[PDB]
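Enquirer: What follows is the residue order along each chain.
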Amino acid sequence: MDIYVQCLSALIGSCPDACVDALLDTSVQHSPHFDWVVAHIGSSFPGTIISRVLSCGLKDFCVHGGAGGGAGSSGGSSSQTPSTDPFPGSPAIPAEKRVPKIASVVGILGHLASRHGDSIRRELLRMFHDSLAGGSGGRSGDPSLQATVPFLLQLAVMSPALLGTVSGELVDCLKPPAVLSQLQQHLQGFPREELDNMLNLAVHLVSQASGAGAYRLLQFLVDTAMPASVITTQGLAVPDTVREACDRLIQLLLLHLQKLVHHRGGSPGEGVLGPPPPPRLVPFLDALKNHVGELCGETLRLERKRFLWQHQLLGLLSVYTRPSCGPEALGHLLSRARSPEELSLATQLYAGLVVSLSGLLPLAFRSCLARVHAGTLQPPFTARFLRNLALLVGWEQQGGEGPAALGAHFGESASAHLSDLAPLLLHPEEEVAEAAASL
Amino acid sequence: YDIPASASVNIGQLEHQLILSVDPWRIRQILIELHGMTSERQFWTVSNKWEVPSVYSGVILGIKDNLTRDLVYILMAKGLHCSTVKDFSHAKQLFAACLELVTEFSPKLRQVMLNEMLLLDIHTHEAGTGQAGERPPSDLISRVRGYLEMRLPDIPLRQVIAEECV
Numbered sequence: 190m191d192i193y194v195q196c197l198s199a200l201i202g203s204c205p206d207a208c209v210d211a212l213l214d215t216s217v218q219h220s221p222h223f224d225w226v227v228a229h230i231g232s233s234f235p236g237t238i239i240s241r242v243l244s245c246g247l248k249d250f251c252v253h254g255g256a257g258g259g260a261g262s263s264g265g266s267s268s269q270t271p272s273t274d275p276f277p278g279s280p281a282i283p284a285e286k287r288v289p290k291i292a293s294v295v296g297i298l299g300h301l302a303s304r305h306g307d308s309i310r311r312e313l314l315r316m317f318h319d320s321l322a323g324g325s326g327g328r329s330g331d332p333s334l335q336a337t338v339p340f341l342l343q344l345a346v347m348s349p350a351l352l353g354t355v356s357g358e359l360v361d362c363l364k365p366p367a368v369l370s371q372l373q374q375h376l377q378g379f380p381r382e383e384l385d386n387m388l389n390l391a392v393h394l395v396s397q398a399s400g401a402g403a404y405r406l407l408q409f410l411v412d413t414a415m416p417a418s419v420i421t422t423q424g425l426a427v428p429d430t431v432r433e434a435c436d437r438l439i440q441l442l443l444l445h446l447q448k449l450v451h452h453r454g455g456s457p458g459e460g461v462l463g464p465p466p467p468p469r470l471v472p473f474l475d476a477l478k479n480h481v482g483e484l485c486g487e488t489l490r491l492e493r494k495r496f497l498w499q500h501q502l503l504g505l506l507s508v509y510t511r512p513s514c515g516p517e518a519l520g521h522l523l524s525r526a527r528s529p530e531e532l533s534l535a536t537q538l539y540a541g542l543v544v545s546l547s548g549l550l551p552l553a554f555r556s557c558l559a560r561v562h563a564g565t566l567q568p569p570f571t572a573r574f575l576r577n578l579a580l581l582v583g584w585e586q587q588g589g590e591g592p593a594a595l596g597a598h599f600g601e602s603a604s605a606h607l608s609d610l611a612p613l614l615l616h617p618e619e620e621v622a623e624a625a626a627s628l
Numbered sequence: 499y500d501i502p503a504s505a506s507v508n509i510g511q512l513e514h515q516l517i518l519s520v521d522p523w524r525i526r527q528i529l530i531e532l533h534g535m536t537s538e539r540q541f542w543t544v545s546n547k548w549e550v551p552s553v554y555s556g557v558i559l560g561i562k563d564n565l566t567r568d569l570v571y572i573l574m575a576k577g578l579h580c581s582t583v584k585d586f587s588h589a590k591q592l593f594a595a596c597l598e599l600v601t602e603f604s605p606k607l608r609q610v611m612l613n614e615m616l617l618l619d620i621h622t623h624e625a626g627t628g629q630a631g632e633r634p635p636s637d638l639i640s641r642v643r644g645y646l647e648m649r650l651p652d653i654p655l656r657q658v659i660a661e662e663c664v
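First to last, the sequence lines map onto chains E and H.
Residues 190 to 628 (the entry's author numbering) make up the first sequence, in order.
Residues 499 to 664 (the entry's author numbering) make up the second sequence, in order.
Chain H with its partners taken away, still in its complex shape:
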């Protein structure tokens, strides 16, 4: 119930709503209010179910601001879960808001996020358009071709993404 007159159970209800939440803006509001009314503690360890690969986890946890790193952590974890569930609408929304979150941040981080864009677009064209897709729009094909032909900076490339695009 709302207004539980205790900060601990209020935090528990709020993090339960955060886990239940799908809107990235609502996730941002809940987590920023939680950071406001708590100390400077990380809150992704309110749900052990959220899985992040370690290679991307190092660079996603190499952020000084606890608020921004927690926001981007929950966004990419929930979006990756939605991508596993094949929920490309909400996954696209979460990853889009993550894009505008990371555009202020490092080019390395947003380039990893652009690889996430590439993989999400591939999976969305595979499943949402169906196997009976008559013709890809080829803009993503040109994007994949250009990314594979450049391969330039020290971005940790995922072999899953490489085999998917190949």
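Isolated chain E (complex conformation):
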């Protein structure tokens, strides 16, 4: 009976014929009468292992889905555990298309838990076949992208609890993130405030140089991922590294080293990508594209070394993105700049952008002056910007080695942009009028 039903299902899967429709209906009627989840799972498992590697069939798939739905309607915890075990044991062709075909919330949660356990065992055993099975289970869970945030949160909570298997669980979670492109990146960044950070520091202390290499790979993955809240991720990283807000000095040093490694990886990503092939999009960079201005705000707020780090980050971001955001960054920094150290920061980033690109001063002047003549750019900001230009053109009129090394030609740039400056002379704000008069 069961063998005949499996043969009919395989024949329907191979040849699309209607000769197995009545047999499938009779099998579905017999299975509901039996009300055996174990028998339904047993009929589904050999049937899938045959007619998923043989050929795809709609009627056989519907019959297997009905049997799995009956098995899931029954309780069957041990049946679902043996069904998950037979599915990993026979991962032939559409095993992922068969196991995740239930599309139930409880079944998907159980499959995710079983895949997490299989991946943990794979990371513990360091076996290639077990790692491939765990990756297949993770890919099956990723295609069923209904709700994986609670499973990821449970996995992260379980990993920070231990110290011995914590490094292996973290490596398995990082590899699954490297395969699934870090879907819950914001959720991963948000929870580890101080206690998970201390637990991870203890786990890394218990780990070894292999753990250090895994941490470097995870830093590379985090740099090549996390488009959701790149600003929040960078703010969490920089306060824990430069501001020394981390609970452990070793954790702060590791954060600083990871920031340096991410900067180096982005720089190789920016430059060593290749001139003949098209460049690859960086999620972190094109997510910070919308928050370029606030990064300039932190840089002007001038932390210990975070301002240097964000200076390099803004430079590499400007090199990376195609409109190059150089006029925007220069205009924002000149608008909110008030002292020669920020002016020197402007000159240094200009030096980077002028050995990188061209047109920076004309683009910056048109952008900033258009924003001035618009409704934005409040009188204090524009007074600061105009008088910063006055200091720059004065320095370039003087200067003997500075402007000679960094020839910016502010004089010819503003001489091109003379025409719009007369309304700034007649501007009703006295400071704006004075700055325009000086310029």
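Wrong hints could be hidden among the right ones.
[Unchecked claim] Cut-off 20 Å, straight-line C-alpha distance, at most; resulting in silico cross-link-like pairs (SDA-like, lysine to any residue):
#1 E/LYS494 to H/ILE501
#2 H/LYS547 to E/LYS286
#3 E/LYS286 to E/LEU314
#4 E/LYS290 to E/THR354
#5 E/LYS248 to E/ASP206
#6 H/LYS547 to E/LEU470
#7 H/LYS584 to E/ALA594
Hints listed in this document are in silico derivations from the structure and should not be mistaken for laboratory results.
Following the hints, complete the assembly by docking chain H onto the known chain E.
Expert: Just chain H now, with coordinates in the frame of chain E:
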């Protein structure tokens, strides 16, 4: 930071300094030390921003020695970028050191480099001397006249250079 205790990030810092570098001798030292402490790999593909025209790129990449071809590649790319930025001082320095680099190499390559001399001198006299230049020294004028009147070997002439000198 210096001495980063890892070869990969040391290479990254060194190539970042190489990109930032303007002195041709310092570029030569950095690239020769990188070739020493790495394998025989080309390193101009550490910066995709450096643009070379393909016609000159073929003959600049038709060099057997990876070190010499990488040195001359970075030199002419950085100098062409400086010429676009109108930085004729550093451009003249880089192209001069490229001249003493290519004098050992092929007459075809150094004749292309002499056409680069001609174009750089034209642009330098156009911008550095200003539009109010009262009189060219006419040595470069005689050089342009002689080059245009000879046009002899199979050097790939650039129409940009031709229209500039005309």
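Enquirer: Give a verdict on every hint.
Expert: Do the hints match the structure? See the list:
Straight-line distance between C-alpha atoms of E/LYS494 and H/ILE501 comes to about 18 Å, which keeps the hinted pair within the 20 Å bound. Using a Cα cut-off of 20 Å, the hinted pair H/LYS547 and E/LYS286 is violated, with the two alpha carbons roughly 45 Å apart. Between E/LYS286 and E/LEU314 the CA atoms are separated by roughly 27 Å; this puts the pair beyond 20 Å, and the hint is violated. A distance of roughly 32 Å separates the Cα atoms of E/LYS290 and E/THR354; the hinted pair therefore is violated under the 20 Å criterion.
Between E/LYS248 and E/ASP206, the direct Cα distance comes to roughly 9 Å. Compliance with the 20 Å bound is thereby established for this hinted pair. For the hint pairing H/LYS547 with E/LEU470, the CA-to-CA distance comes to about 16 Å; that is within 20 Å, so the pair holds. Distance check on the hinted pair: H/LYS584 and E/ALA594 sit about 13 Å apart at the alpha-carbon level, within 20 Å; holds.
In summary, the structure is inconsistent with hints 2, 3, 4 from the numbered list given earlier, while agreeing with the others.
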